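Take a look at this one chain, the form deposited in one PDB entry, written out in structure tokens.
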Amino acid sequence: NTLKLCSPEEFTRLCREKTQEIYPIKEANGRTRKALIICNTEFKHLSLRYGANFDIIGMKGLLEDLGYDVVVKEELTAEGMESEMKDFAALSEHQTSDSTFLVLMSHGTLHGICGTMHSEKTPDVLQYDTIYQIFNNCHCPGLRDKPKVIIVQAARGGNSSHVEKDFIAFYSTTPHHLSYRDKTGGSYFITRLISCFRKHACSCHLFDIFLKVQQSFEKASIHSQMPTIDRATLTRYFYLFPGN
């Protein structure tokens, strides 16, 4: 419904009692949190992703209610996705932010996300691996020691050096499986993620929220779809303290 807010009190208490178990938060005055959504709907050779727009609008609304200014880029090739993420990684405003969310929504393969021109004769895939190199500590100084949260809405095979740390990835389903949409076309993963954030971001850290999303797919099955936490290297709890 609406994003529920953390009291200033509960904010200040947790930042004081658990200072070394929590990611530090910037107060909103000079804060410039940034978030990126990449979504491909139409494809040169692959089925249309009807309803993807509902997921964009829902997740842009969630991120804004959590204090992020949201960049949305749509219908990209793999090369274009690479280019936008590098431009996004280099943005001044990460210096005055405490975190980021990367939301990727397209057709997917086992190890990558598809661009608009992808086909098995004309492969146009961005490896998920490449995301980690673009945003790591070496190549994105603005987000060092800050949580980089990746949300991936995609099928996962159903299309018929220096330190890496402070990442978490939340995939809509498990490897080799598909993700499903309701009769209006909205993704179940996105719909339940949004409502779970809106109820619990005020009092739960990120990993606890992800887990409640996964519990809902056990309590209310959707075929074999099970959101998956992947390649997680967070070193502290990530509280959002909405409203602060």
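Residue numbers count along the first chain shown, from 1. Rigid core: the largest C-alpha set superposing within 1.5 Å between the two forms. Residues that one form lacks are left out of the comparison. What changes on going to the form deposited in another entry:
- Of the residues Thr130, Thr174, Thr96, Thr77, just one CA atom moves 2 angstroms or more between these two forms under rigid-core superposition; it belongs to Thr174.
- Superposed on the core, the two forms barely differ at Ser47: its CA moves less than 2 Å between these two forms.
- Once the cores line up, the CA of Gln215 ends up less than 2 angstroms apart between these two forms.
- Considering only residues present in both forms and aligning them on the rigid core, one finds just one run of three or more residues with C-alpha shifts of 2 angstroms or more between these two forms, namely 173-185.
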The other form holds:
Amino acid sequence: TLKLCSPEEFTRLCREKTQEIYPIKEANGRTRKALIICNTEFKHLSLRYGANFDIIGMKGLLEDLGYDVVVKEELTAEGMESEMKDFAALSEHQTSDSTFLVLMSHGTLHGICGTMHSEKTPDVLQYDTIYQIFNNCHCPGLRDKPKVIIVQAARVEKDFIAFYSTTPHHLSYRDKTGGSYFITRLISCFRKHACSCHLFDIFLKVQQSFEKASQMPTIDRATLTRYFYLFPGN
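Show the form deposited in another entry, please, the one above being the form deposited in one PDB entry.
Below: the lone chain, stripped of partners and molecules.
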């Protein structure tokens, strides 16, 4: 389980390192929202078996971090774009301090695949469109707030960071019982280090664990201007 951060450390860091961390809102009156989009069944592509474990894993972790998790499954690229636009306009963001975006499906070189995707009939959502939907102009509720994008895609912008894994689907699961190596190790490191490490160190420790145990997940499009401490339990 996720080990929590005491209120003494929370206030001590917030009063002693105020200029260097993103401002966190207290749990009382806070409405953190996160969005998980996952595609398992495809008309032309193979089924992403085991993705259900990833969904339950991430949503559980995000709830322990204080996020009300919207879950959307089996969408086309046009459906993904519309669901992202709907999620970006949520008024709850104006009383939140951050958001998480989890994207799990098959992937192309510069985009993530929808349910209808084929090389003859493309159904792809470009990653550029994701950043435009959530930027400062088009998403006023999340201005100057960290926007974390977790992508598992089997193959003005500011305050963004993406963690990116494209391992082939049939090679990303240890058993038929767990989730993926990427999601499992991400959850494990978050449960262990979120109470004492900011977001970038957590991603680095996930990458360190991949060296000890295959291509490694990448940190991408990082435009964070502060350290992002989650302060779990506050």
